[PDB]
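One chain is shown next in structure tokens, namely the form deposited in one PDB entry.
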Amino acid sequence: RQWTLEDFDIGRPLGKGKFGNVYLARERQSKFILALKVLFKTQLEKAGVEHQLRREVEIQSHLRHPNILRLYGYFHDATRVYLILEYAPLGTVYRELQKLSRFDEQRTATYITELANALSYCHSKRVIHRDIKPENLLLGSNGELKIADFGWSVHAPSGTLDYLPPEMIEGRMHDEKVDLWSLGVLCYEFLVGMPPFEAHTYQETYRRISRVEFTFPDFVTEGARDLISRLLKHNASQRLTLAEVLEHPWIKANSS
């Protein structure tokens, strides 16, 4: 179907960045509710990202998983590009973490399981996400995690610095293990309420990631310390596999 903007009723903003806003939308004919992200062509070409966008759409025509948000298609006009997305009724994990401050051990491990299942599938098709962070994790109507925004994704091998591994911040070669590090940064932020290498400047953060300089607060349990520490390894190969995450005593104990 050759979609046009007139096929939709547009509703409230769902979110917004400086690439474009996301709006609630309803397809006029079916009454189907979805999300429309409105990207400006000027912004995309002035940043030379039009190719990464074209690849995202292409990657998202193949990926089908309950824990990956759907990109149903796209259409353009004179000035803007419109992405046709699955609506995530419970919003972002980013907003949920701001509200709750931090996540208990049970909801953390459940998210990490859902994220690990999504990434396991992605890594099978040789797709690496590279941009795992709370703002790209959204919540389905049953509170289930969905990974979103495949714009920075690539086939392996190939904002803030908080979630990026050493091999990536140092402009070097990298593979799947990128997502494995980001999963460990997430586990930590879920539990603590802030990411492990947080600093007030880009340059302090960069120093902390490459030297892997992080400490745990008192309340983090030994099983969680163990998971996170086996994930946040400078040497990519030493890290841990998704299968080792999913079969981890802490995940098994606490995941629902």
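Shifts are known only where both forms have a C-alpha. Numbering follows the first chain given and starts at 1. Only the largest set of C-alpha atoms that superpose within 1.5 Å between the two forms is called the rigid core. Compared with the form deposited in another entry:
- Only 204, out of 58, 222, 204, 45, shows a C-alpha shift of 2 Å or more between the two forms on alignment of the rigid core.
- Core-based superposition between the two forms shows that the consecutive residues, three or more at a time, whose C-alphas shift by 2 angstroms or more lie in 77-79, 150-153, 199-204.
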The other form holds:
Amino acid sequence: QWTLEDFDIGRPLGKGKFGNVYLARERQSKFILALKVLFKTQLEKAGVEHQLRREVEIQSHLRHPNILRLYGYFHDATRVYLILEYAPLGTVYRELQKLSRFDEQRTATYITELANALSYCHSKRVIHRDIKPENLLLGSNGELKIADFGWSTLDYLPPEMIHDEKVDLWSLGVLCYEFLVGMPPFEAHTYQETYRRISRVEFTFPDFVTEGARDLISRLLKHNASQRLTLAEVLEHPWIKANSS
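Would you mind generating the form deposited in another entry now that we have the form deposited in one PDB entry?
The next block holds one chain only.
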């Protein structure tokens, strides 16, 4: 039975779609966490109030080092509060912008962590949609954490979304490419060109992308969703094996 006065509120972490997220301390435990505040009126205007309840119910049963932990949740009358794990090292997107690109070791390790988290949920009959780098947070140990509401931008959508269990495989291909190159593979100057690139699966590798990486990405980025390299096969990939930590 959590209440708002059980928490001391610190700095805002960022503005979002339905509200704000803050650094916070639970008063009894002195534990550092993130409190996500979502306004009910905005959820009602979008018509996602029931969707959020079902989402939060799923996440409350998910316990994996590479999925952001939901410790609990509560409401008052106008706001919905989510008690979330705090990630001290920020987003993977920000890390990518700072370095411009990741090396093979970091890329393979992130993909392994993603595949592990998605495989864990698969055994619990839980599926994920598209994955964005801004929704991947980094813990103190340098481990990636999936932090979104996709448990059940055009640049990250598969051809079928422009769909069921195989969306996340396309996402892994896009992310692996972006981690190594610094930009998503279907990046274009217009919406129409970006749409065409995705639908026709038209992407190219710069010269610095190694053959092992190219093989992994090409097996992932297929129009035929059922023929995409699966989570088990990704973890078993020669390039992943050789480069993951």
